[PDB]
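The chain below stands alone and is given in structure tokens; this is the form solved without the ligand.
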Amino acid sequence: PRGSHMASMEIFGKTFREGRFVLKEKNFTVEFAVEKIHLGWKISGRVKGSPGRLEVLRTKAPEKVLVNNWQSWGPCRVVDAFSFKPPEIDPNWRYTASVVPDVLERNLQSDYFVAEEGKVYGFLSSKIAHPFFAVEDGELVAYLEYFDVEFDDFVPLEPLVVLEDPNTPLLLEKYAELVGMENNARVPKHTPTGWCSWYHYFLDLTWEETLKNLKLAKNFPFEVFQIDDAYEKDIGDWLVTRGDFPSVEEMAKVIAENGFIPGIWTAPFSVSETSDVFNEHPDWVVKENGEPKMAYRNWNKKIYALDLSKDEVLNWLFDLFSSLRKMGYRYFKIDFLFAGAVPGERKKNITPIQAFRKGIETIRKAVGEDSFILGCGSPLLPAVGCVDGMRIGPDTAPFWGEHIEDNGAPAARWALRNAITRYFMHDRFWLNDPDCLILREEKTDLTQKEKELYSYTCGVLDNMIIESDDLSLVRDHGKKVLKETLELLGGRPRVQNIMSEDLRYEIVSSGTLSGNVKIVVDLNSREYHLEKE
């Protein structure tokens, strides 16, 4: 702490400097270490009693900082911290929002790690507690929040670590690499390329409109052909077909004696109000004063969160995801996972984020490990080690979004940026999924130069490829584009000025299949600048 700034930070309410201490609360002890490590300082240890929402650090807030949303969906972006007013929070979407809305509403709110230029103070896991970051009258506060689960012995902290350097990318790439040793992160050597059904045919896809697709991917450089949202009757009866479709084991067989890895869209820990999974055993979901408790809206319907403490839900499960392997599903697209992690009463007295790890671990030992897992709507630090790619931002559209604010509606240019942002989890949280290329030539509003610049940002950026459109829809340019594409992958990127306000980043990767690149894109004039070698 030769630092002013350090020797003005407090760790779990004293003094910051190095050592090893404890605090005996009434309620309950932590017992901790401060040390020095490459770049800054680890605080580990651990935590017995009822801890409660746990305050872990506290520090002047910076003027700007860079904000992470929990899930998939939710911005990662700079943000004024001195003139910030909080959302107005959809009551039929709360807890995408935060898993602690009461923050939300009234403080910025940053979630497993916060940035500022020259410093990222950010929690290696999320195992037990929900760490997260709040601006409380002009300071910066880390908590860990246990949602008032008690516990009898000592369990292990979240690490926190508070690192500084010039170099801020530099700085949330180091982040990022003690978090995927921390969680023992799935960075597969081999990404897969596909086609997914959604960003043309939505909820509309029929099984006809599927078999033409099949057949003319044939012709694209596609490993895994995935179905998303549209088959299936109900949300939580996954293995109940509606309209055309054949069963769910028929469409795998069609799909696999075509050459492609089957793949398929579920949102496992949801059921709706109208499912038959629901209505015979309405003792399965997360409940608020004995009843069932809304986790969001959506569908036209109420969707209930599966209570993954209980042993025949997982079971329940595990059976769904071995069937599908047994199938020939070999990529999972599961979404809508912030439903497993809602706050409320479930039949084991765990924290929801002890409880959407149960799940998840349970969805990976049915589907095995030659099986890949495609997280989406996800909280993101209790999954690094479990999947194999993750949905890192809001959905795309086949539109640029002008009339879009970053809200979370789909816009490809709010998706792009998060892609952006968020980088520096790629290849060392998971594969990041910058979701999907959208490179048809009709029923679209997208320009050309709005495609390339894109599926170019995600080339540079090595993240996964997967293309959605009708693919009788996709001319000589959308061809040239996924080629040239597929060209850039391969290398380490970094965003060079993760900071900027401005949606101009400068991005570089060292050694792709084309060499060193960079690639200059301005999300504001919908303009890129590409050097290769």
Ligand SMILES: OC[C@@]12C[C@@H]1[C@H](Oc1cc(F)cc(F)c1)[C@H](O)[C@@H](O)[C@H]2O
Given for the second form:
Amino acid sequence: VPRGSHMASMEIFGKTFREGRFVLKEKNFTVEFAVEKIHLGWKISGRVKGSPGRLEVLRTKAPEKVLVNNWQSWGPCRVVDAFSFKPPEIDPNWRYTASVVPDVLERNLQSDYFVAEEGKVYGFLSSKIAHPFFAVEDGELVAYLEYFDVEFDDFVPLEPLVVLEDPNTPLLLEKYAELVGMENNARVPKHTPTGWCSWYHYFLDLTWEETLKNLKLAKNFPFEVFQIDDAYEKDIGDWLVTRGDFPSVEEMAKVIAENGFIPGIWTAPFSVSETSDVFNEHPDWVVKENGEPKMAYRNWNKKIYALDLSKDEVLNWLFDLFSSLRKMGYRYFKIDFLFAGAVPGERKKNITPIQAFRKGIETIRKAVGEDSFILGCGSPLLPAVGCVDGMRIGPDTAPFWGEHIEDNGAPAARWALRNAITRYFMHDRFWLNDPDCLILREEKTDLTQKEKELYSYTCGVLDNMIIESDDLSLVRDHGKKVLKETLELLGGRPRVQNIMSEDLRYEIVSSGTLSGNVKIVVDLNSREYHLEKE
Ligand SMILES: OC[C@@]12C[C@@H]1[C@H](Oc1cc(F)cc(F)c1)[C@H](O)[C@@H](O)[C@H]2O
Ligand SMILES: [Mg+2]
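What would you give as the form deposited with the ligand bound, now that the form solved without the ligand is on the page?
Time for the whole complex; same chain goes first.
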């Protein structure tokens, strides 16, 4: 069992790579780590104390072509040329969706949690304290654990790192993900919800009158969940105060339940706008910069602040909120813009943003109980494993393909679908993947029948969550046929065979579906598919 030349060339915590047990006593920190052989490769694990800061874990030559992954739901997972990378201009209103360490990204190629090349996966198994990421720094791939200047008096566990090699790159990614699910006690529900969502037909203009119309019609469709999205609430943070023609949040649940659905509701639970009642009552409850409220992002034409999830007052408010929703009968919770809870800044306790983030989502889980389904959105991915049941893994879909939409996080069916493909390996390992809603209506849309089919059947072959978002008056024979045949493709184990493709054509197999072994070949440039079912 000789060492590859490329393995002898690798540095672990600054030392020449080799198997063994080691101690780095450095100026302001100490690390104790082991490098151990595992199936398909190596695992680097151990413990750290002191002020590790931005801690260098691994260094090796950058590959030419890398599969890079953004930390959160909406960001791209895609293959990039590592030598011709150009730093992006970052939208100052959405800085932290692009990166939790934006000094890196504005200079160098950044990949969060994992990175891959043909034949090789480097991936961290968890994000419980540090943010784990990779940067390409002058032709070199460097793995880091970011501790955000927090000091640790006693040892805390490192986030483990695996380095896996095999010529079957999809197999490596699936193995990586099974290791993540074990490290974090992932929730993989045995049942997948079907349902309806308001957002991608009505957007913020949903009325309760239109909601009631769809509630009646939804009885003709195979929907278990009826979820109300952003529209009902008076302000961001004030989740139990309604506007317009909506009744009370409790009354909405009762009407929905009386009509025989599981009620579902959208919140952005770590976000409070500058105008909200909660913020104006509790200016002290938010993350700060130089003592003042730190904008987390701008949306809805307002500055939006982040709740400080290190504060017990804030965690009690979250518990009471989600406990109050549970009492009302909600059992499906779409929790959005979660990245806000993990923004860098000043908190009451000197803990990391990731430690803060995890206390918040853990509180939500406790409050809604084991019988509620949590769907994460706009969220850091690895820190949420073990807490959420489903997770949005792409940018928003849209009632158009997005011919003039670039690959930059704006809504477009084409880029939403691409992420459902490139992150496919998380599915049934981290959680249920949510590829975002099907849009099957045949008026008030620019999608063709073929584009609807392509999106929906790819989602079914991937075994992903299937939720529809339409004015159900506008969905006729074709849309009902697409939904029916989609649900027939569920239940398998998918693999994207050519995960390193750069031309947006993918071959996808899934074994053991409700239609047997299936194969779809999809081309996201030509907008064509070819589906075979055994
Ligand atoms: O405000 C409601 C809403 C749009 C927000 C969220 O989609 C966004 C995704 C973004 F990158 C930015 C943004 F402002 C919104 C989410 O992903 C959607 O499904 C839906 O719930
Ligand atoms: Mg499954």
